[PDB]
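Taking the form deposited without the ligand, here's one chain by itself in structure tokens.
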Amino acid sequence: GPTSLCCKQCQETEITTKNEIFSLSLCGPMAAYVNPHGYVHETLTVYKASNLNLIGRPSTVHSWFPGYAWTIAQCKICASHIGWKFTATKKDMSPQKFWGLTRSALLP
């Protein structure tokens, strides 16, 4: 469909849709300055994704989104590294989980 964001490598596999896109705030209380950490402008954040295999267990090592652990996520079909599943380290956070997907790994 027109909303469909698919793996660039295998083409047919849908990973997420435009409907699931949201904007995660990268600042803390009062929206202070933060030192940029990783490469967020290159990464699309969605609530929900599909047809990915998670590799390994969540890690908090040098997370691009502090407060979240990351788990590598690759396409089930072709095993291309599409991005990561992010999981909250604290129960009071929202969302408790999301996906950070590398924009260039997706079509469109």
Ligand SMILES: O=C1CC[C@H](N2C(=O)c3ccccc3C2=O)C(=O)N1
Contents of the next structure:
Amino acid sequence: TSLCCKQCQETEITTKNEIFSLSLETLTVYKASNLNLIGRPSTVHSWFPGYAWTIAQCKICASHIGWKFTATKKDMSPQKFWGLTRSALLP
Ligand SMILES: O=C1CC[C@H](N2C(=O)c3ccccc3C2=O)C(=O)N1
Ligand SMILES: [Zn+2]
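What would you give as the form solved in complex with the ligand, now that the form deposited without the ligand is on the page?
All chains and molecules follow, beginning with the one already shown.
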């Protein structure tokens, strides 16, 4: 169930336990680890209306794994989640 950065191999980014389905490839998970955020949130072209995105890269190898999505309104659930490019992860 560990999902690790495919590039550096050793760095766990999330687990299968964290996977969920947002009502509307890209894996969406409630929680992730060992990612650094680059820049500030943007709503431009957001794949999840009502959320803004921030680039998220592996803390070890700087590979771009996906994005942190943050809610633009307080009344939403989850207030944030991660959308991760499946091919960037092992398994
Ligand atoms: O929700 C998202 C995440 C970011 C993603 N995105 C990209 O992957 C990209 C590549 C090049 C130029 C502009 C973009 C962009 O907005 C995108 O289109 N929407
Ligand atoms: Zn890595």
